[PDB]
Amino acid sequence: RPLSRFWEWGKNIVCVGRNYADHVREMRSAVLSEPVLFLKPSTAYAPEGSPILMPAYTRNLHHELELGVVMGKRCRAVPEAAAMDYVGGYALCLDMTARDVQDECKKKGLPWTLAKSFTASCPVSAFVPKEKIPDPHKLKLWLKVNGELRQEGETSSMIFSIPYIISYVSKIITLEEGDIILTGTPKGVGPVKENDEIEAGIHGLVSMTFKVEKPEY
């Protein structure tokens, strides 16, 4: 029920591939191709207080800073123009990525599961109600690793609008209340190692902190 704890009860996590233009020239072109989609299991969620867990099989774990859009009602094959009506709110997420594994998956034509969909691969902020974000395309996202800025992005740089992404996703996969869509990452993706501290936020709206750990199991 309560969206303020959506990661406890939400079933599904859908993530887009590329959705940020580093330069206006990338709008002039990238729009001609649909967004790539992949899934994370509900057990990817790592709410604040829980660690980023480094999978045992990677030597190149990357952060990807992303705005997540939390669905407030069941959303099946909706038009772009109705999509915002299905949104409950937002959360800042990291699409944690085993980049070495991802390269292997791509090369061999394998699913991206071990690269993208492992336990604790979706660190997630507190929920932000949609009332606080009247325009999700006018947000500024930032991420630091051990105090150094690694990603900074404006959601005004998105290739596809959030309503378009919702619509497109909903035509392939029905979204349930409490499902989240991760809407892509600005430039600056890069690695983290054991004991690194990640701090990230949406300016004026939400702050989060995650420590990178190896599992104790």
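Residues that one form lacks are left out of the comparison. Numbering follows the first chain given and starts at 1. Throughout, rigid core stands for the largest set of C-alpha atoms superposing within 1.5 Å between the two forms. What changes on going to the form deposited in another entry:
With the rigid core aligned between these two forms, only one of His203, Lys11, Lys193, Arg25 has a CA shift of 2 Å or more: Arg25.
Look at the core-aligned forms between these two forms and you find a single run of 3 or more residues with C-alpha shifts of 2 angstroms or more, at 21 to 32.
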Second form
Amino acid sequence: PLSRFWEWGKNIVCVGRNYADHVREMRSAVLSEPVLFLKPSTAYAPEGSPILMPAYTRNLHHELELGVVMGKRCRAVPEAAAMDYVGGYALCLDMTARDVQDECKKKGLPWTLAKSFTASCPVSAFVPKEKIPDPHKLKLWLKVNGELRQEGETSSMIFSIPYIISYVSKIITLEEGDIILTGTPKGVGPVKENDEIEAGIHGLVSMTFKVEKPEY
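Which structure goes with the form deposited in another entry, now that we have seen the form deposited in one PDB entry?
Just this one chain is shown here; partners and other molecules are left out.
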């Protein structure tokens, strides 16, 4: 079932630079097409699993994002058909080792250690598509230890969800249960061991995660 998509889904695709105010806080520039990177299936941390800090970062950031879960195999589809391939949604955190990412960008290296480590994708319960007639009218929020740190409106996305789906599908075929993370609004920032993150989509879902270090 899609209600447990993180258990069997193979691929995670992430969009970068999709909120103008996040682009500004990063001091980057918006390109003509969305930036894409990948996370492995073992990046998923469903509720009840910890956010795990990698030992090689001293600057682990939260990033609040809407995930789009695919309901059917999606290969090179037009924008106008792209929503037909969506099964539903989930709220994700694109946990990011920001210090590692800065080095990767500077040296022209892959973004893997910065973005694609174990438990780098905390994920909410699945929200069926029927509950979200317009994914560009959602409000996202995130708290650390009870204090609000990120909020965003999906109406602020530079690239629309039907564009993202179509764009990704032409580069990488998407299977049933693959997710696309659609980028973070402004307000990214560090977390430390034992922080409690609470996050949600207003009116639809919330989730709580503890930041931990590996006990192995």
